[PDB]
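Chain by chain, the residues:
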Amino acid sequence: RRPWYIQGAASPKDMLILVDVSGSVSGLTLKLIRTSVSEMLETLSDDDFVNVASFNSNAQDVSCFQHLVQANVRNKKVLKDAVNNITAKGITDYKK
Amino acid sequence: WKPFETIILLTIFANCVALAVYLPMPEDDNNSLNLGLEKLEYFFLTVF
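In order, the protein sequences belong to chains F and A.
For the first sequence, the positions run 242 to 337 when the deposited numbering is used.
For the second sequence, the positions run 50 to 97 when the deposited numbering is used.
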């Protein structure tokens with residue numbers, strides 16, 4: 242997980258985390274998805290780009306970003322603080 | 050006076066099995082099978 246390893250082990254990426262926040266993921270699995278996204282963002286250098294969308298019968302971004310951002314300290318911090326606010330309700334639709 | 054005590058009973062036993070395969074999901078989620086049972090409930094109500 243160190244910066245030097247993660248940068249020497251793969252070329253830069255354009256990640257798009259896609260959370261399923263439908264009703265079925267409520268309870269324990271949502272508490273785990275929050276920590277999982279927050280530990281996944283922690284493996285992104287400054288040359289990688291990231292955006293965290295969510296979907297429950299309707300897909301939308303999870304923060305005030307609407308596109309791919311540069312995954313530096315502040316952007317990662319905003320995405321982390323915006324993931325921890327999601328709640329689970331609705332029907333699952335993978336196509337949207 | 051026909052075998053009517055074996056059809057509505059057969060339908061009640063087919064309808065008490067359409068309640069066991071229903072799968073309840075947390076806070077307003079649903080899969081296909083439940084959406085099909087919601088239809089079949091109309092058939093059962095109308096037959097009764």
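Possibly wrong hints are sitting among the right ones.
To be verified - The calculated DMTMM-like cross-link candidates involving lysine to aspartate or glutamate, where the alpha carbons are at most 20 Å apart (straight line), are:
hint : chain 1 : residue 1 : chain 2 : residue 2
1    : F       : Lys330    : A       : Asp77
2    : F       : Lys337    : A       : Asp77
3    : F       : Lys330    : A       : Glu54
It should be emphasised that the hints constitute simulated quantities derived from the structure, not laboratory data.
A quick look at each hint next to the structure:
{"no.": "1", "hint": "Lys330/F to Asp77/A", "in the structure": "holds, 7 Å"}
{"no.": "2", "hint": "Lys337/F to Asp77/A", "in the structure": "holds, 19 Å"}
{"no.": "3", "hint": "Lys330/F to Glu54/A", "in the structure": "violated, 45 Å"}
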